[PDB]
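Given the coordinates of chain V, work out where chains U, B, S, C, E, H, Y and D should sit on it, guided by the hints.
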Amino acid sequence: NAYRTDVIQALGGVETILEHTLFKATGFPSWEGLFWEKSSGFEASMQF
Amino acid sequence: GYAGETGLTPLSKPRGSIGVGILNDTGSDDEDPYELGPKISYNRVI
Amino acid sequence: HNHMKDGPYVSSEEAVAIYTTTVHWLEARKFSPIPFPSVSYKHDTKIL
Amino acid sequence: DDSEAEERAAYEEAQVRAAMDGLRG
Amino acid sequence: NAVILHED
Amino acid sequence: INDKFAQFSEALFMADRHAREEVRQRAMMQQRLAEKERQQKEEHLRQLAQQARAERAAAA
Amino acid sequence: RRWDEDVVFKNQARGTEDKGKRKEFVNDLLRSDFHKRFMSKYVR
Amino acid sequence: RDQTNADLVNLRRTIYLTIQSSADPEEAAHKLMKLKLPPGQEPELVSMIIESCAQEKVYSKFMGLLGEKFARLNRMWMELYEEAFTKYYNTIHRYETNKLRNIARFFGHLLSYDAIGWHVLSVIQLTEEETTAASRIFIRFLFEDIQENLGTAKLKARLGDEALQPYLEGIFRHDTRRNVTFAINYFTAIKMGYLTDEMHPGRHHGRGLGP
Amino acid sequence: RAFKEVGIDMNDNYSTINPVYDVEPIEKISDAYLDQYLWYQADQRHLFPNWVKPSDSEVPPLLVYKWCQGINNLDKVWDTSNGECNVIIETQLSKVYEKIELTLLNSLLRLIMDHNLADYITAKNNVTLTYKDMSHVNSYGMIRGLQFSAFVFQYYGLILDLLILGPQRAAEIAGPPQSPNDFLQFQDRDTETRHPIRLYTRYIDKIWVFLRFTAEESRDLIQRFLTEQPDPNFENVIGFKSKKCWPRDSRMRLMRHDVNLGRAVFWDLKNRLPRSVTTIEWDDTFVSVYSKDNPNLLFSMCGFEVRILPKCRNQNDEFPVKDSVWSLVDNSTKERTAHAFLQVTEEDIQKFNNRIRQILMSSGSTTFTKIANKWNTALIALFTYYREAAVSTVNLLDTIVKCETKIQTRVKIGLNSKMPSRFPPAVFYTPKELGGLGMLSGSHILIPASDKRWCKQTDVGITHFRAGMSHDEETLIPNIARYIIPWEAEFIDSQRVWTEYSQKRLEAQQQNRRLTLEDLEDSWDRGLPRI
Numbered sequence: 001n002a003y004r005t006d007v008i009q010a011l012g013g014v015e016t017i018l019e020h021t022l023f024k025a026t027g028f029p030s031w032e033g034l035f036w037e038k039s040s041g042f043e044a045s046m047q048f
Numbered sequence: 001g002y003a004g005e006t007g008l009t010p011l012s013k014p015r016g017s018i019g020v021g022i023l024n025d026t027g028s029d030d031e032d033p034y035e036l037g038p039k040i041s042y043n044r045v046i
Numbered sequence: 001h002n003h004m005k006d007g008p009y010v011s012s013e014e015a016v017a018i019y020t021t022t023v024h025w026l027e028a029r030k031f032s033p034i035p036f037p038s039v040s041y042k043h044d045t046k047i048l
Numbered sequence: 001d002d003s004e005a006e007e008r009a010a011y012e013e014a015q016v017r018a019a020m021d022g023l024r025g
Numbered sequence: 001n002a003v004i005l006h007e008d
Numbered sequence: 001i002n003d004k005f006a007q008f009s010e011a012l013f014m015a016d017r018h019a020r021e022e023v024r025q026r027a028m029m030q031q032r033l034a035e036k037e038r039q040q041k042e043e044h045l046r047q048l049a050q051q052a053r054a055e056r057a058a059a060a
Numbered sequence: 001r002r003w004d005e006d007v008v009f010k011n012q013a014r015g016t017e018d019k020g021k022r023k024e025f026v027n028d029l030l031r032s033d034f035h036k037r038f039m040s041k042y043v044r
Numbered sequence: 001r002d003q004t005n006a007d008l009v010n011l012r013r014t015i016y017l018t019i020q021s022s023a024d025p026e027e028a029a030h031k032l033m034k035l036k037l038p039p040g041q042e043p044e045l046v047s048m049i050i051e052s053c054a055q056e057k058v059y060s061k062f063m064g065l066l067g068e069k070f071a072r073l074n075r076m077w078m079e080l081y082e083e084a085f086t087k088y089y090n091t092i093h094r095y096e097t098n099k100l101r102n103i104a105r106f107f108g109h110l111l112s113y114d115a116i117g118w119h120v121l122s123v124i125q126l127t128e129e130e131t132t133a134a135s136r137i138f139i140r141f142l143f144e145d146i147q148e149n150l151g152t153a154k155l156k157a158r159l160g161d162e163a164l165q166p167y168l169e170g171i172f173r174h175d176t177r178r179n180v181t182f183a184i185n186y187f188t189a190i191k192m193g194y195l196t197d198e199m200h201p202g203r204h205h206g207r208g209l210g211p
Numbered sequence: 001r002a003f004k005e006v007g008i009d010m011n012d013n014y015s016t017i018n019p020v021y022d023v024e025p026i027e028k029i030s031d032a033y034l035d036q037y038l039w040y041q042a043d044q045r046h047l048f049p050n051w052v053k054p055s056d057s058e059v060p061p062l063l064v065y066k067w068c069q070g071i072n073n074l075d076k077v078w079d080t081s082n083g084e085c086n087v088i089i090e091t092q093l094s095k096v097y098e099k100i101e102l103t104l105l106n107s108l109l110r111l112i113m114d115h116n117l118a119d120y121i122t123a124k125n126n127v128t129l130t131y132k133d134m135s136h137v138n139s140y141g142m143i144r145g146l147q148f149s150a151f152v153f154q155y156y157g158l159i160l161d162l163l164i165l166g167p168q169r170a171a172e173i174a175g176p177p178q179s180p181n182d183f184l185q186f187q188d189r190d191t192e193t194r195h196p197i198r199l200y201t202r203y204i205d206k207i208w209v210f211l212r213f214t215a216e217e218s219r220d221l222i223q224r225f226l227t228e229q230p231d232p233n234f235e236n237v238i239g240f241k242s243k244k245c246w247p248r249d250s251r252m253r254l255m256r257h258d259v260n261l262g263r264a265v266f267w268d269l270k271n272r273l274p275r276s277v278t279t280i281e282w283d284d285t286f287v288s289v290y291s292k293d294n295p296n297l298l299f300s301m302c303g304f305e306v307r308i309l310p311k312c313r314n315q316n317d318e319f320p321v322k323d324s325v326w327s328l329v330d331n332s333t334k335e336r337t338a339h340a341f342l343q344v345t346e347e348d349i350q351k352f353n354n355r356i357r358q359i360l361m362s363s364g365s366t367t368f369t370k371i372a373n374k375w376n377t378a379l380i381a382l383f384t385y386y387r388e389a390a391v392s393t394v395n396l397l398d399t400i401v402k403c404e405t406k407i408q409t410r411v412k413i414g415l416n417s418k419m420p421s422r423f424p425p426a427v428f429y430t431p432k433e434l435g436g437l438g439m440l441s442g443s444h445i446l447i448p449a450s451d452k453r454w455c456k457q458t459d460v461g462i463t464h465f466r467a468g469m470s471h472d473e474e475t476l477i478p479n480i481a482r483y484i485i486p487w488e489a490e491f492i493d494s495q496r497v498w499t500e501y502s503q504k505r506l507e508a509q510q511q512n513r514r515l516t517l518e519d520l521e522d523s524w525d526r527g528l529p530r531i
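Residue numbers (the working numbering), protein chains in the order written: chain V, 1 to 48; chain U, 1 to 46; chain B, 1 to 48; chain S, 1 to 25; chain C, 1 to 8; chain E, 1 to 60; chain H, 1 to 44; chain Y, 1 to 211; chain D, 1 to 531.
Bound-form chain V, shown alone:
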């Protein structure tokens, strides 16, 4: 588990990691309080 923390510390921190991405283009103020949905309703509707 500790690897996760260190690899964030290796990559320049959460601020740098998220500023590679479109995090600031989403209108989200802070990274805490977020989650990723594994699949949308369209994907689970078309699986079978």
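In case anyone wonders, no lab produced these hints; they're calculated from the structure.
By construction, the Cβ of each residue, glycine as well, lies at the ideal position given by its N, Cα and C atoms.
If a hint is listed, it holds; no wrong ones were tucked in.
Straight-line C-alpha distance at most 27 Å; calculated DSSO-like pairs for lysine-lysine:
(1) D:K322 with Y:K57
(2) D:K334 with Y:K57
(3) Y:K191 with D:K76
(4) Y:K154 with D:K334
(5) D:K241 with H:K41
(6) D:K334 with Y:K61
(7) D:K504 with Y:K57
(8) D:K412 with V:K24
(9) D:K244 with D:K206
(10) D:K334 with Y:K156
(11) D:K241 with H:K23
(12) B:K30 with E:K41
(13) D:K334 with Y:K99
(14) H:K21 with D:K270
(15) Y:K154 with D:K322
Not everything, but these chain Y residues come out facing chain D in the computed CB check (under 7 Å):
(16) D7
(17) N10
(18) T14
(19) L17
(20) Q20
(21) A23
(22) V58
(23) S60
Just chains U, B, S, C, E, H, Y and D now, kept in the frame of chain V:
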């Protein structure tokens, strides 16, 4: 008045990821990447 | 098909010697043979 | 109960004899 | 009185 | 199929029976020694008991 | 005491090393020695 | 001034990420000495490497051989190593037992393989009042590890040297008999009784209270 | 007693293929129950002696460690004064599954257990195997895909172990039935010394046998071997077994006596096994001899290639002895006596490479996160099984770097392009919570400082912070191998903390009735059977 044949039980048992697709998931080949196994419920004393 | 035609390759004296070796070893360790799983035999359900 | 305690003690003795294997005897 | 093995 | 199969099976069956017979004899032979040993120990205890009674004759 | 005297079988490898008298061609790629070597190497 | 002191935490982060990302106990030393440095933070490097050894759950020979590789360079790393040894000896009170085990295994690797000189051990003193249980188990682990690394005859030849005699007066006491008997009780308690051989109770007539 | 068709197919490991047997589900439930019952009753009735491996008490690296300790703890194992020799031979019992006679198997199974169970097992091994349009009845050999086949083969292999050792030596090694010996221990030194065969183990079908020869018995063995099979042209050295990965000085030349003793040991062991049952072939063998000439003991168990160097050979610094080295002790003098040097065998470097190749061929039509997940599983399995030997082995590190490169290249080819500037390490090695691929790394991947800056918008200005300006040093991607405790230290702490647990159990049962969960918090994640 029949209690019946008793049934057994199975032996024990920044949030999320992008996902592996709904067809390429097959069955849950994305576990806890760090450690094996489902976490075990722990008794305090023996 | 070759085993059906050309017989058991383990000859009779070899099989007898192996059987008697197993017999002497098993009586030397005082091995109690495994019974059939009985009708009640509580541990059954846990094994199941 | 006593039966579950006996089987759990058998498990604990099994884990001990798996851990103590090679050094005392 | 000798057997013939399958690989031989 | 080859004839040897029959001979093969015959040997095992005879061997099996022979092994059982041997085991039984050895088993019963063992229990003879067992009961004999028990009798010997009992006899020794009886002798010791007599000596204890003799010591009781020394006690009174 | 000879150290190998309780051994059940003695001398089980006489004539096994005699293979190689003359390398012989069999016109059957399913029964040639190359196929047997190949399929014993791979199908484990 | 740097009250938040960001340069120190940046140096500590680079040393920690350099150690925690090598494989062999020579890659870490090679990158660590490849690292640039202001005129002095080598005490900080020694503090960070020993602290990173202490925070591990189980001791490994990797960081011990890393410390050995730094200790076979010039005199500055060596003298910093006995300064760190003395500092961790006198500042032992708040550290957990497993961390003390890691520190003792590291320093047993250092002393056992000639990484630092066999003369700092005069810091070790055997008295009732000035020794805590944490220092006591530190001493137990340290001599057990040196026993494991070298052996009985090697330690017998090491501690029996006459040139080491002024440096071992803090451990092998010969002046006050209560400390000697306390050393007897402990060295018989952890099976170091063969090392308690240079002493002699009967011929010491200075404390002859009993006939 | 009459059963259904059993499907058969092949599983492809790219170097070998193995048959996989698909059995009818209701018979699968019956066989699973029978399998569990037979293993439980065999354990309680003490069917299997200590050498029957894999036992439920060791991980395979602990098995290799215990084998090294059992080698090191023998009497005068590293002495060579009277010209004595040590021979360790590792070999694989060929065609044991193919050559099981089902009538003899039925008889031996009738010996150990009830005749109904034996009849069920033998009737279960005689089924029709079908693959597509091909179908045949299997009347010779055992089916390795039945649930209880593990127990049946361990019993048959126990009988083969009796045939190799002999009943007297097997009884001496296994110990008396009232108090059986532990793994690689004897009752006293007289029992250990009496026979040349000092150690023995069988992992399913691979036997490791360790023999100690005095001068006269070794001379008699070599004399018998050259009497039976003479070779006066020094052609015995052509085709012998020795490991090439060990360095140009650590491996020495093989003389007349060493090669002759190795071939004699192999021939004597081959003379014990009936070829109608099983055999050991010379190509599957590896024999190494410890003598006065070469002070090295070579073997390879469960994928660890182990070279043992006793410390009574480096008295004049013969060899460096500075690596990821298991340090072997003697249980008599309680001091360090030998060193074990670990490598990963090239066969298992190939197994890891073949696993990554399987990943890249089963997953062209899959997502990037699936590639990273499968890669993580493969890398974690490798590094948590091998630990020290993965770090020591150079070829394994090269293979790991190439396979990680192939995984990243598969992601790149997925996007469209293989352009290195387009892919910082932050794309791959970011944890999956932040949207990254979550790959774990086992390679030396430096991160340039251009990935350590960030912008922030405020009401009086916009701040473009550039962290790490005071350094000209790049921070490095954390190696996975620095987060996995090495095996030797883990075994040592396991022994120590289990002795501690027995201590607290003894002074706990003379007090409270149950041990709490506060006195064992320090001892929580310790022990190979974790506490």
